[PDB]
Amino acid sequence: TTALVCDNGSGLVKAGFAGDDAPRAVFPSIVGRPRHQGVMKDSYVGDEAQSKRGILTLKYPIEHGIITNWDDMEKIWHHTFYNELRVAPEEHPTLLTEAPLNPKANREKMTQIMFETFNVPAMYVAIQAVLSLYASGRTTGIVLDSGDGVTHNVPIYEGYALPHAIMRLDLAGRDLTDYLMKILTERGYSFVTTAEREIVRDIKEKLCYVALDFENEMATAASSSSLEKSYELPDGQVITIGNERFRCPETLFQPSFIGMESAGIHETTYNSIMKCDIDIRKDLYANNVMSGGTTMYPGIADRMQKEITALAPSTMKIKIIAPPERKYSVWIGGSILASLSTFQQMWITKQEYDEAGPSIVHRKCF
């Protein structure tokens, strides 16, 4: 009996089979329906909704990690089981993930749908950051999770997230793509359409990096061509990318670049640690673990180590852990968790759900 792991994000669904080192299916968390359906019942999910976007209204059922459109979330889950993983959900225990401050009612609804619409034999809901931390081989540390829609700091002590100390930055991967489009248009190129967004996304993921000292790099890029990289557009046209390589992800450290007054990710990290008890801060500073697609920039751990060092006590041991496989560490932590012997008894079974109802899900220990 193979368990399933589904990590539902704001931008991407990551789904697959417990025991694997990577999600088998990764696709856009988008549902499309024909314009004016409901005021006048077809629907499309992920790459297909995107490819058929022309007369569909496209929606993201999860916003900042939290499910907000239930009907469309059902379509995402259905598609995930039957089209992407090609499984009968009633044959498999299914681990799902949730965002840092997911309301109880939300968790209960997810639970009801899994058992009553999908008929899963068993399920579990884990905190995304705790899974990432587990994947890094720890039960204590502070997770920076930067995805497509939202960025969170989640301090965890001996297995337990500290909810009072969670910090949020309302910017992540999709904002960085849009800003790369903006500033790259400003050079003289034109990146504005949805096809051009796809290209820009590929540039972001291939050529961007976090500057160790931002002002030294701006100067270098202005002095020399040494920081410049070639890039071939789908049509064979080669173009050149300079300081926008590192200005784009600089937004995480300086959200003012997209007109936001929020604290950059180094500040959210510090702030989150400072909300925690002095007795555990040393442990958190030494176990700063980065996760999510938007932590993937070369140079980001180096830059964070520099910033945290500036904010923290002079003698604090600081360490930033950025695992190569951090892009899907939330999913991989789930894969690990759902595969080990000790967790077998942690699943919530259909019989338990039948006797207790959905609030059974809250009594949870991973």
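The term rigid core refers to the most C-alpha atoms you can superpose between the two forms while keeping them within 1.5 Å. Numbering follows the first chain given and starts at 1. What changes on going to the form deposited in another entry:
- Comparing forms between these two forms, one finds the smaller rigid domain rotated against the larger by 11 degrees.
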Given for the second form:
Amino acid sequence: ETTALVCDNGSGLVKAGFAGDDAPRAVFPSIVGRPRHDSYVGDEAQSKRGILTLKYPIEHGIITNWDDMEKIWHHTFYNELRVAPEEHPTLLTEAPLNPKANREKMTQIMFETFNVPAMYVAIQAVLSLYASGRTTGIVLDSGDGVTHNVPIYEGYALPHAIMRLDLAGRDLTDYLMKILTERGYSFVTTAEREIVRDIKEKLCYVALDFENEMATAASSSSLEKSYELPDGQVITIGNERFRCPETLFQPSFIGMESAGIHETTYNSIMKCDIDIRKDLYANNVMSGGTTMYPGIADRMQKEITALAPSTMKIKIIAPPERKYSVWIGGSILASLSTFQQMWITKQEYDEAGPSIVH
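Having seen the form deposited in one PDB entry, I'd like the form deposited in another entry now, please.
Chain only, nothing else included.
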């Protein structure tokens, strides 16, 4: 009668908890800090920042530093969840298009290093769709390091139509730091990057009509907002509020030749069977922290409508808890005891090796 664990390994945040719960118990930064002349994970690494070099083990949703990822998982089990991993089946999440060698290495660490009794690896965007009570639809999942379009039909992702856009939250914060120089402000350091991330989360929004919003900001101060820095200094933000998330729709703002999130969504639906397109258009689910901008669902509704045939019903589902939809979907999946079938047991790993995950 052991409770399964659910761990969403994000480029910026790790979300961890127990299957059966409606929210993760632990949410902390995906960072490992080493003294700058023995190791800190998450909150403590950020808190002790001034005396640590910080590293991100996950780049663009993909685990790249396995030794640092082991520290994150050890901290998740022993310090955050306070569980013994050998007693809990563990569901881990992966980015769409995660290389086979990566999930095999992930499987090898779970069984050999943590000795889990069983494990399952789920695609992050598929879990978001489950969190909204659906098994068919198209997910736009945009987090800290990467953005994806994942069309899903009856529980299964359609791999040929998956779209990856490297633009995500961190690039938007870097872009906000950059365009803030255009009003005389200078944010450059790692600590200053965190102040800009906070300005972005609090004051940014997606304009329904970008050009009209730029005209309004240019001729009046009605769209301006004040923001108090930690040291008491008050700064003013104007058109940067909507220019920053506009990059999702116009990636050329940051030098990227890629199509915008509205275009990748449409192109993704167009790569799917005609008989299923109506089901994707009516079930466009948004998830991840970078879809949290006010006005993003309405802007996506307007943009998809202009691209899709007039007879098509377009619906954007953007739940208030969409920053945690991937974790929620993993909790739903791992708590259905009738799903104790697709889990890879430790006995099966001992016989077949890491390839059993495929």
